[PDB]
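Next up: just one chain, as structure tokens, the form solved without P-nitrophenol.
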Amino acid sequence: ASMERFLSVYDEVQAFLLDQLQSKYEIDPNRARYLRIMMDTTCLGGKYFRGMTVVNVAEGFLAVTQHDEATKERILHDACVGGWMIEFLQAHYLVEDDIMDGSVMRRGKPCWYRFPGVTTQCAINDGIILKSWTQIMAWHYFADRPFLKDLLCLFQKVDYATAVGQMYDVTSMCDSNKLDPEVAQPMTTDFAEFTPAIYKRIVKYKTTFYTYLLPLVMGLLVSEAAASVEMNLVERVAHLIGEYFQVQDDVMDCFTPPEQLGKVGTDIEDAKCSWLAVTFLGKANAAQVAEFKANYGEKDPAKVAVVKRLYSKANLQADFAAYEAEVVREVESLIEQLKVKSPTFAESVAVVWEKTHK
């Protein structure tokens, strides 16, 4: 099974990293144990969607390409390692974003920095280590691979894009013209920057590059198949599926009970430029906009309840269904275009869409 190989490689990668800390970085056993627990707590327990996308893309090409058995095994091992690079990159983001946002829970468990023996003082550095481990992995496992340079270059550009996206995200409730390191940032009062275009830019950089583009292209690279596809189509379809992913996340933040969500959603309190706020402001009458402005972005539970009420009364299910229908058209169109050069890869993308959509 794909999952079974993927999880076995985690054990191998963990052992390599911790053994190297002992043999080359002079680490002692208690700190090795701390880092092992940190790695498990921050990297394990999700769905491994991103990492497994690398594996699944690679498996698709193995099914139609002649290889020695040892080569099949090496490609699958490379896909697993590259998948864990992305999972560790996500772990880095989640650790640091939870600190930056003051989040409380993540996947039914306390955020890493809130563990009693961690604290922010250690957790910021723990998140730095998680990202450094992605590079240690690559240089060790891919040292002699022909895709090493392309993979490292891709990884770093996606990582940079994601940090730029985090800036877009955490500043999305400020007026751009008032941004200034010397002046404490007030929340917007006109919400003029709550537009579809601006929302799409947040999501594209914050989410879609590392969640959809990177796993797909990494699967191509470890398969030596990047010339088998039109890269502009891979970008466009990743952008599309990633945006749909984030729209779903945004809806759930407001409307999924905390036990199922795994956290208490705070997008309203945090004044996020979410799909609900943008779409509501694309629909609302004057009265409703005024009420939204009077209540959005405040921890006060009665104000949050007014915003959720406005959202419920706004029939945003209709907008979501129409958004979803348009995304189905465009994603299907792009999958069709991908078949011109690689039916195999087009099928992998169809699977990524089906897992995202349904």
The other form holds:
Protein chains: 2
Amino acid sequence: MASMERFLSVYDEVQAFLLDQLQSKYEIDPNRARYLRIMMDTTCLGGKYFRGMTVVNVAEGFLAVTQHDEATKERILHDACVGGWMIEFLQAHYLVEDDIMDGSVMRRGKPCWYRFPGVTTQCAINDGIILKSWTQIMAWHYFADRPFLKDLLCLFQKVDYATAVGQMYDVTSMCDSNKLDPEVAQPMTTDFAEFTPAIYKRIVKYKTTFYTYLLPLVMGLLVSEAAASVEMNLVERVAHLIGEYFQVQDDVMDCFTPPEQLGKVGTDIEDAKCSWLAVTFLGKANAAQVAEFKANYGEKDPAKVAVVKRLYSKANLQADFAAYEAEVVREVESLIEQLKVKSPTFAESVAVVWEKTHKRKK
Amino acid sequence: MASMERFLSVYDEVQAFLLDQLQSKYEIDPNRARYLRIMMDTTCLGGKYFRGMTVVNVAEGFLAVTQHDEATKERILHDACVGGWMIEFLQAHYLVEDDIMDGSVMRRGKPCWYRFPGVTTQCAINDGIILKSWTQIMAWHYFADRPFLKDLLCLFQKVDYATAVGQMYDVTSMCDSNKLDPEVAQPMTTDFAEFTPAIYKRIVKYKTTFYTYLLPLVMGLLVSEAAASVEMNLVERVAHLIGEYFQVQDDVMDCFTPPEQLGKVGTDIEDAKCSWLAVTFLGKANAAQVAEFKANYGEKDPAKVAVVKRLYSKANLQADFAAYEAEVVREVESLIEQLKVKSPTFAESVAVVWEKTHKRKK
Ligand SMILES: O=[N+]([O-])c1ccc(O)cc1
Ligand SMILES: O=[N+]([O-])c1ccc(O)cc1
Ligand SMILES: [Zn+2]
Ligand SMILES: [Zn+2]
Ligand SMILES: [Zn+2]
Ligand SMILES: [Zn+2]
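Swap state to the form solved in complex with P-nitrophenol from the form solved without P-nitrophenol:
Let us now look at the entire complex, which starts with that chain.
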């Protein structure tokens, strides 16, 4: 059975289980069940399923080289699908809440969930909470008897926490750290001294890479009972490397990809985000370019946004991206080679993840 | 050592652990650590600690009648305090997010967290997420070796989910169920046909009673390794009964308690909530009273709110509350008597919880 067919079939099964349980144990009525079905579909479906499918693909790689009864193969793949959906539902939680936090308009070509007329922010915040709860409901139901339950739950909650910490790093990335204070309204930085590679790397590591790469790779190992067979320090290092590249691509696309292809209007410049573009620009600009950037960044004024995009264009940041990408290729290939010492099979799964990420539509 | 002294000492210890771990494992800087310390204090401290202290008091009751080394008593009480703080931090998560959802102004005599000048909704939504994550970080750290870890985590996530489901029941309680639809803006009910005792009871059971009574009572049993010694069906029934009374008191206070004592301005009438007052009023009103209620409920117009408060006053709902309270006393005393068959000690702990709830400042 093709992996994507299995993954989509398991979504339907998990949805039916969750909704049936709301009826049998939580006293839900049919109209509220329908609302939640629609909310689940709208917030969880429509992406590429990169993260959830990585769990499945990692598991498939081990199945190809390990002796198992057919029923065991089916169990492992079903578990990989459920675990993959846990990650997709965790992402859905963060996207619902982030869109509210940021006042975003569109996501994946459609209005953000909170903007649906019959949702509103009042309901959407709580819908996002439900999405997160569903990750645990599905784990306890499907994995109750499994030897990996404890490790999987502990990993999951640490990754969730890291993501929340990363969201804090991201939301505060345009303020001066020494002025942070709940009592005092926060002005945007004027010096941009905290727009550095190391500070950018911290934001991305926590906000993106743990849930986007580390969690699917390690969950794939756990459902395969294979974690002891790899060097975990290498898994962490390769996840953090590929995850940073993924986010750099997203940062470039926010500025330069036409919104019809992006699925949204990117607002990183208006929001004063510490993006790869801003950090890299400030790492090559002359004093006059720095001053013009300071005079225009972080403002909704469309003429000021256009000045920033022109500064970026004239600064030939495409060349910096090419150099960055070439270095990532060197480093990822090196990490894949190291992974082969203890697990050639897992190394190939990572090679596949990297190729997918590298070839992701620019 | 007095129980409250121990509980407050454990807060300081847990806070230090969480913040130290953010520095050692999550790359946090000192200013963001200070923000989170202040956020923790502002959102988690200042209440009565009814819920967290119930874990401690349940554990103390078993210690008084069970043979243990002194070091074991200290471990159990420390565990009860940590578990109690998990509940307090879960509540803090829901209060942060609920205040945003509802546009609330004040909580416990101070501005709601999102209204602090240097917080804002963008940060506060995520701060609430962090509060929830901290409940799991503390459990995995302090309870890693404990036999009750699995049961406690599974209970906790089910209660969290129930609370989210109850929030959905509460937020939608003023709309007609058959019109719920994410695509269509939701009008307030005109018939109020869903303002019934059974529908009210469903809202309260899920939104309040699981986290306010069931979770502290059962967590106290788990940290005491005593759950097998009680009839759990009775624990559920007594939690749901006392929890409903707690919420009825809160509903009355929202309308009639001066805001200086309440700590906020109650807005249930303007928000069209399915409150005990509204349900009970509609259960005794004549046609003219129903019509005037319909003409004024659910509107910010202060003159319309005053009409509703006068309808409530003239309807002698104080007498309905007295009758409701007398029935709760009958039923809670009956459940405490039944609890004595298998656990006289736990029965006394419940009797203490009931007395505290019954005597809670009106
Ligand atoms: O972009 N990609 O191709 C991805 C992204 C995440 C992941 O876990 C695997 C592949
Ligand atoms: O109001 N009260 O006294 C309470 C409330 C909750 C609880 O778990 C114990 C006592
Ligand atoms: Zn964001
Ligand atoms: Zn982006
Ligand atoms: Zn509310
Ligand atoms: Zn209330």
